[PDB]
Amino acid sequence: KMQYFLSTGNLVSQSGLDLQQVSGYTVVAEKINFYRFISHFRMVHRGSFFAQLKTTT
Amino acid sequence: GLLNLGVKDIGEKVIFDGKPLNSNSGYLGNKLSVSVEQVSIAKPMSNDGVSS
Amino acid sequence: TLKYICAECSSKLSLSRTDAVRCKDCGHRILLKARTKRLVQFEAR
Amino acid sequence: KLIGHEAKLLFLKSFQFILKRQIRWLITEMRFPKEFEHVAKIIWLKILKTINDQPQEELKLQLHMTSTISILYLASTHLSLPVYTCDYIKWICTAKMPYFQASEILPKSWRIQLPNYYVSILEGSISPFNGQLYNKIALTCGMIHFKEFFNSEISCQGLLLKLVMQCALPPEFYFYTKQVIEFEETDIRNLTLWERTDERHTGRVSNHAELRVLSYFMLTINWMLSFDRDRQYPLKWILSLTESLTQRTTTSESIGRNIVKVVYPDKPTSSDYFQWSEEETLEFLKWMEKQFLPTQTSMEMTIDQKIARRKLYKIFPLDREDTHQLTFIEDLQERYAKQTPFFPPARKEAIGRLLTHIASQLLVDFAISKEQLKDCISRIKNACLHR
RNA sequence: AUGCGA
DNA sequence: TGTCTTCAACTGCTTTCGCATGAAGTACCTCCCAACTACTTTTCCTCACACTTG
Ligand SMILES: [Zn+2]
Numbered sequence: 460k461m462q463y464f465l466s467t468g469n470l471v472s473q474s475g476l477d478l479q480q481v482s483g484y485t486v487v488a489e490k491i492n493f494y495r496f497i498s499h500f501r502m503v504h505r506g507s508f509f510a511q512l513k514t515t516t
Numbered sequence: 059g060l061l062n063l064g065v066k067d068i069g070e071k072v073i074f075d076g077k078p079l080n086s087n088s089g090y091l092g093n094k095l096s097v098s099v100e101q102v103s104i105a106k107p108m109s110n111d112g113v114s115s
Numbered sequence: 026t027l028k029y030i031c032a033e034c035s036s037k038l039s040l041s042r043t044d045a046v047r048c049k050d051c052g053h054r055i056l057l058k059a060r061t062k063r064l065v066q067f068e069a070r
Numbered sequence: 094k095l096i097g098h099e100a101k102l103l104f105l106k107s108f109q110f111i112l113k114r115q116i117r118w119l120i121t122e123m124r125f126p127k128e129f130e131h132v133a134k135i136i137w138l139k140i141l142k143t144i145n146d147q148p149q150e151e152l153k154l155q156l157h158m159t160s161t162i163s164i165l166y167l168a169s170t171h172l173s174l175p176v177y178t179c180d181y182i183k184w185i186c187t188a189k190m191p192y193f194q195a196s197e198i199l200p201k202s203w204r205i206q207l208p209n210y211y212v213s214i215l216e217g218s219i220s221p222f223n224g225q226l227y228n229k230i231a232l233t234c235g236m237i238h239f240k241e242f243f244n245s246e247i248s249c250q251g252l253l254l255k256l257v258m259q260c261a262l263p264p265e266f267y268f269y270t271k272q273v274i275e276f277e278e279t280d281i282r283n284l285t286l287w288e289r290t291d292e293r294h295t296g297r298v299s300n301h302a303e304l305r306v307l308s309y310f311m312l313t314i315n316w317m318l319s320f321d322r323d324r325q326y327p328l329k330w331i332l333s334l335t336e337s338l339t340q341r342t343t344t345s346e347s348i349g350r351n352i353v354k355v356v357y358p359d360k361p362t363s364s365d366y367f368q369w370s371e372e373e374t375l376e377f378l379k380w381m382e383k384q385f386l387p388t389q390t399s400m401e402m403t404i405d406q407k408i409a410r411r412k413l414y415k416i417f418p419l420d421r422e431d433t434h435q436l437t438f439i440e441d442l443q444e445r446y447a448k449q450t451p452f453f469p470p471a472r473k474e475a476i477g478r479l480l481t482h483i484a485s486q487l488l489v490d491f492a493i494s495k496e497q498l499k500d501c502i503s504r505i506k507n508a509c510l511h512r
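Residue numbers (UniProt numbering), protein chains in the order written: chain W, 460 to 516; chain Z, 59 to 80, 86 to 115; chain A, 26 to 70; chain Y, 94 to 390, 399 to 422, 431, 433 to 453, 469 to 512.
Honestly, I wouldn't trust all of these hints.
[Claimed, not checked] BS3-like, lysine-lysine: derived pairs with alpha carbons at most 30 angstroms apart:
hint: 1; chain 1: W; residue 1: 490; chain 2: A; residue 2: 58
hint: 2; chain 1: Y; residue 1: 329; chain 2: A; residue 2: 37
hint: 3; chain 1: Z; residue 1: 106; chain 2: Y; residue 2: 407
hint: 4; chain 1: Y; residue 1: 499; chain 2: Y; residue 2: 360
hint: 5; chain 1: Y; residue 1: 412; chain 2: A; residue 2: 49
hint: 6; chain 1: Y; residue 1: 134; chain 2: Y; residue 2: 271
hint: 7; chain 1: Y; residue 1: 142; chain 2: Y; residue 2: 94
hint: 8; chain 1: Y; residue 1: 412; chain 2: A; residue 2: 58
hint: 9; chain 1: Y; residue 1: 506; chain 2: Y; residue 2: 329
hint: 10; chain 1: Y; residue 1: 329; chain 2: A; residue 2: 28
hint: 11; chain 1: Y; residue 1: 189; chain 2: Y; residue 2: 379
hint: 12; chain 1: Y; residue 1: 412; chain 2: Y; residue 2: 448
hint: 13; chain 1: Y; residue 1: 201; chain 2: A; residue 2: 37
hint: 14; chain 1: Y; residue 1: 106; chain 2: Y; residue 2: 201
hint: 15; chain 1: Y; residue 1: 407; chain 2: A; residue 2: 37
hint: 16; chain 1: A; residue 1: 58; chain 2: Y; residue 2: 407
hint: 17; chain 1: Y; residue 1: 201; chain 2: A; residue 2: 28
hint: 18; chain 1: Y; residue 1: 142; chain 2: Y; residue 2: 127
hint: 19; chain 1: A; residue 1: 49; chain 2: Z; residue 2: 106
hint: 20; chain 1: Y; residue 1: 473; chain 2: A; residue 2: 49
hint: 21; chain 1: Y; residue 1: 415; chain 2: A; residue 2: 49
hint: 22; chain 1: A; residue 1: 28; chain 2: Y; residue 2: 106
hint: 23; chain 1: Z; residue 1: 71; chain 2: W; residue 2: 490
hint: 24; chain 1: W; residue 1: 460; chain 2: Z; residue 2: 106
hint: 25; chain 1: A; residue 1: 28; chain 2: Y; residue 2: 415
hint: 26; chain 1: Y; residue 1: 127; chain 2: Y; residue 2: 94
hint: 27; chain 1: Y; residue 1: 412; chain 2: A; residue 2: 37
hint: 28; chain 1: Y; residue 1: 383; chain 2: A; residue 2: 49
hint: 29; chain 1: Y; residue 1: 94; chain 2: Y; residue 2: 407
hint: 30; chain 1: Z; residue 1: 66; chain 2: W; residue 2: 460
hint: 31; chain 1: Z; residue 1: 77; chain 2: W; residue 2: 460
hint: 32; chain 1: Y; residue 1: 473; chain 2: Y; residue 2: 506
hint: 33; chain 1: Y; residue 1: 183; chain 2: Y; residue 2: 127
hint: 34; chain 1: Y; residue 1: 412; chain 2: Z; residue 2: 106
hint: 35; chain 1: Z; residue 1: 106; chain 2: Y; residue 2: 415
hint: 36; chain 1: Y; residue 1: 134; chain 2: Y; residue 2: 329
hint: 37; chain 1: Y; residue 1: 407; chain 2: A; residue 2: 49
hint: 38; chain 1: A; residue 1: 58; chain 2: A; residue 2: 37
hint: 39; chain 1: Y; residue 1: 383; chain 2: Y; residue 2: 407
Derived from the structure by calculation, the hints contain no laboratory data.
Construct all of the structure, not just a fragment, from the sequences and the given hints.
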């Protein structure tokens, strides 16, 4: 179950973990460049749900 | 570690087999408390042909 | 003699259609196909 | 993987094979030219002759572990090169024969030739009990009609020599016993190998010549010793021949007899097992690290079961994590000197003391019968008193 | 569908 | 009897065009499979007792 969820990033549970989305939590390390590899672990996302918002505030 | 606190927080899940006994008819007398005490994680290993 | 190197012991070997795909010297299950004396032409650019 | 007639044919074949391998080590060990080789061939050619005749679906043949040496024994007797007990002890001690394990062959494949009420039963099933050793030599003679075919069977003035030197090399006892043999021992005539005991009950008629030779040997010592009125053999002399003997190293021989003792049979040598005079202990482990390797080579097992095994041996690795010991006639000489000092109820006891010992020795090389032996003894005892 | 190039 | 008014629920959309590279669900069930060990299987081998003898 944790390989599947960790292989798709569609985390679903009976509480929703109190999180605004049920996908997108996981990303490919995409080692095409050392810059990209180190940059992945210093990247932080405001979350997809705010990506859906039309505003910019 | 955080995971053992989590399993210490999930506590128990109780189920009564409808303890027939023939209070013994609405107090059942059939308690089953299922829980998880510890959670262990082991480093990756592979044994082939199984165990042996 | 065709060759296959064990990915984890370096030991050279020569697999056959009649043996287990495993390093007979270590027991690994991953084998690199060895390079041989085979002609390849190259334009020097 | 073959059952029935053709399964038998290669069980036949394999039997064919190992005997031949047996014979050539025979030549290397004894260097007894075309002669030893060809007589042995036709002997089994003769043996094969009969197997074909009662064929149809006759499966009584598959020879025993012993039939092969009986064959080589019969052929040698023809040639009259040696002896049985000596041959057997030598063979066990040096594994000269491939007799013990049947994996050799050239079979790899004959091995797989499945077993078919056969091939698996071949090569190294068990070690001989009592006559059993001959309980087939006679049968082979039966199959062979060997006595008519081959000259001078069971004979050998060499077994007598082997026997006197065997221990109390009392030079005079050679023709003492040769003389009693001369006497009533088949009307003063060299004992010939018994007949083709055709009957399956294999009665103990004791005609196995040697068995009687050893019997005359023992008797001779007892009688001659019992009545040496002139007192040619001193009271204190008899036990000396005992003290000197009771064990000792062996320029190969005694070490061999230990190796035969270790068939742990009727417990006459079992304890020798226990005792095993220090080094005897050591040269034993030497002969195990050399001739036990003739041991073996699990199959497939992903290399796994095997590798692990290799590692384990990698582990205890070991095998080393006057040339000292002496030859046969050296030991023989030195105990003949250890008795160097030659020139009532007690001596009788000493004599019985000594006879039990030889009974141990001669009996131990052979199928014994801690009484057939003496049954045998009893027999000629009876034979004798018709003067 | 995710990330992404213009 | 006839006509009018507000609110809340429901409908349909709100950048284009392509690479990648497709992968992964899953309870309930399992019969098949691989295993360790023991037990069992087919052919073969070899000795043995009694009655009677003299
Ligand atoms: Zn390896």
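Results for each hint:
1. The hinted pair formed by residue 490 of chain W and residue 58 of chain A meets the criterion: a straight-line CA distance of about 25 angstroms does not exceed 30 angstroms.
2. For a cut-off of 30 angstroms, the pair hint linking residue 329 of chain Y to residue 37 of chain A is broken: about 74 angstroms separates their Cα positions.
3. Between residue 106 of chain Z and residue 407 of chain Y the CA atoms are separated by roughly 27 angstroms; this keeps the pair inside 30 angstroms, and the hint holds.
4. For the given pair, residue 499 of chain Y sits about 18 angstroms from residue 360 of chain Y by alpha-carbon distance, which is consistent with the 30 angstroms threshold.
5. At most 30 angstroms may separate the alpha-carbon atoms for a hinted pair to count; residue 412 of chain Y and residue 49 of chain A meet this at roughly 13 angstroms.
6. At roughly 34 angstroms between alpha-carbon atoms, residue 134 of chain Y and residue 271 of chain Y are farther apart than 30 angstroms, so this suggested pair is violated.
7. For the given pair, residue 142 of chain Y sits about 26 angstroms from residue 94 of chain Y by alpha-carbon distance, which is consistent with the 30 angstroms threshold.
8. Restraint check for residue 412 of chain Y and residue 58 of chain A: satisfied, since their Cα atoms lie roughly 27 angstroms apart, inside the 30 angstroms limit.
9. In summary, the hint linking residue 506 of chain Y to residue 329 of chain Y is supported, as the alpha carbons are separated by about 28 angstroms, within the 30 angstroms threshold.
10. Our distance criterion of 30 angstroms between C-alpha atoms is broken by residue 329 of chain Y and residue 28 of chain A, whose separation comes to about 79 angstroms.
11. Annotation: proposed proximity of residue 189 of chain Y to residue 379 of chain Y holds, straight-line Cα distance about 16 angstroms (limit 30 angstroms).
12. Distance restraint check for residue 412 of chain Y and residue 448 of chain Y: the Cα-Cα separation of roughly 51 angstroms exceeds the 30 angstroms cut-off, and the hinted pair is therefore not satisfied.
13. This hinted pair checks out: residue 201 of chain Y and residue 37 of chain A have alpha carbons roughly 27 angstroms apart, not beyond 30 angstroms.
14. The straight-line distance between the Cα atoms of residue 106 of chain Y and residue 201 of chain Y is roughly 14 angstroms, inside the 30 angstroms bound, and the hint therefore holds.
15. For the suggested pair residue 407 of chain Y and residue 37 of chain A, the alpha carbons sit about 18 angstroms apart, so the restraint of at most 30 angstroms is met.
16. Proximity of residue 58 of chain A to residue 407 of chain Y is assessed by CA-CA distance (about 25 angstroms); at most 30 angstroms being required, the pair is judged to hold.
17. With a C-alpha separation of about 27 angstroms, the suggested pair residue 201 of chain Y and residue 28 of chain A falls inside the 30 angstroms cut-off, and the hint holds.
18. Pair hint residue 142 of chain Y plus residue 127 of chain Y holds up; C-alpha atoms about 22 angstroms apart against a cutoff of 30 angstroms.
19. Restraint check: the Cα-Cα separation between residue 49 of chain A and residue 106 of chain Z comes to about 25 angstroms, which is no more than 30 angstroms; the hinted pair holds.
20. Straight-line distance between C-alpha atoms of residue 473 of chain Y and residue 49 of chain A comes to about 70 angstroms, which puts the hinted pair past the 30 angstroms bound.
21. Our distance criterion of 30 angstroms between C-alpha atoms is met by residue 415 of chain Y and residue 49 of chain A, whose separation comes to about 16 angstroms.
22. Among the hinted pairs, residue 28 of chain A with residue 106 of chain Y is inconsistent with the structure: their alpha-carbon atoms are about 40 angstroms apart, more than 30 angstroms.
23. The suggested pairing of residue 71 of chain Z with residue 490 of chain W is violated, with an alpha-carbon distance near 44 angstroms, which exceeds 30 angstroms.
24. Pair hint residue 460 of chain W plus residue 106 of chain Z holds up; C-alpha atoms about 18 angstroms apart against a cutoff of 30 angstroms.
25. A C-alpha spacing of about 26 angstroms is found between residue 28 of chain A and residue 415 of chain Y, which places the hinted pair at or below 30 angstroms, so the restraint holds.
26. For the suggested pair residue 127 of chain Y and residue 94 of chain Y, the alpha carbons sit about 37 angstroms apart, so the restraint of at most 30 angstroms is broken.
27. Restraint check for residue 412 of chain Y and residue 37 of chain A: the C-alpha separation of about 19 angstroms stays at or below 30 angstroms, so the hint holds.
28. With a CA separation close to 28 angstroms, the supplied pair residue 383 of chain Y and residue 49 of chain A stays within the 30 angstroms bound.
29. Of the supplied pair hints, the one linking residue 94 of chain Y and residue 407 of chain Y holds, its CA atoms being roughly 26 angstroms apart against a limit of 30 angstroms.
30. Straight-line distance between C-alpha atoms of residue 66 of chain Z and residue 460 of chain W comes to about 21 angstroms, which keeps the hinted pair within the 30 angstroms bound.
31. For the proposed pair residue 77 of chain Z and residue 460 of chain W, the alpha carbon gap of about 34 angstroms is over 30 angstroms, so the pair is violated.
32. Proximity of residue 473 of chain Y to residue 506 of chain Y is assessed by CA-CA distance (about 19 angstroms); at most 30 angstroms being required, the pair is judged to hold.
33. Pair hint residue 183 of chain Y plus residue 127 of chain Y holds up; C-alpha atoms about 22 angstroms apart against a cutoff of 30 angstroms.
34. Pair hint residue 412 of chain Y plus residue 106 of chain Z holds up; C-alpha atoms about 25 angstroms apart against a cutoff of 30 angstroms.
35. Only pairs whose Cα atoms come within 30 angstroms are accepted, and residue 106 of chain Z paired with residue 415 of chain Y is accepted, the gap being roughly 29 angstroms.
36. The suggested pairing of residue 134 of chain Y with residue 329 of chain Y is violated, with an alpha-carbon distance near 53 angstroms, which exceeds 30 angstroms.
37. Between residue 407 of chain Y and residue 49 of chain A the alpha-carbon distance is near 10 angstroms, which keeps this suggested pair within the 30 angstroms criterion.
38. Distance check on the hinted pair: residue 58 of chain A and residue 37 of chain A sit about 10 angstroms apart at the alpha-carbon level, within 30 angstroms; holds.
39. A hinted pair counts as satisfied when its Cα atoms are at most 30 angstroms apart, and residue 383 of chain Y with residue 407 of chain Y qualifies at roughly 22 angstroms.
In this structure, the hints that do not hold are numbers 2, 6, 10, 12, 20, 22, 23, 26, 31, 36, in rising order.
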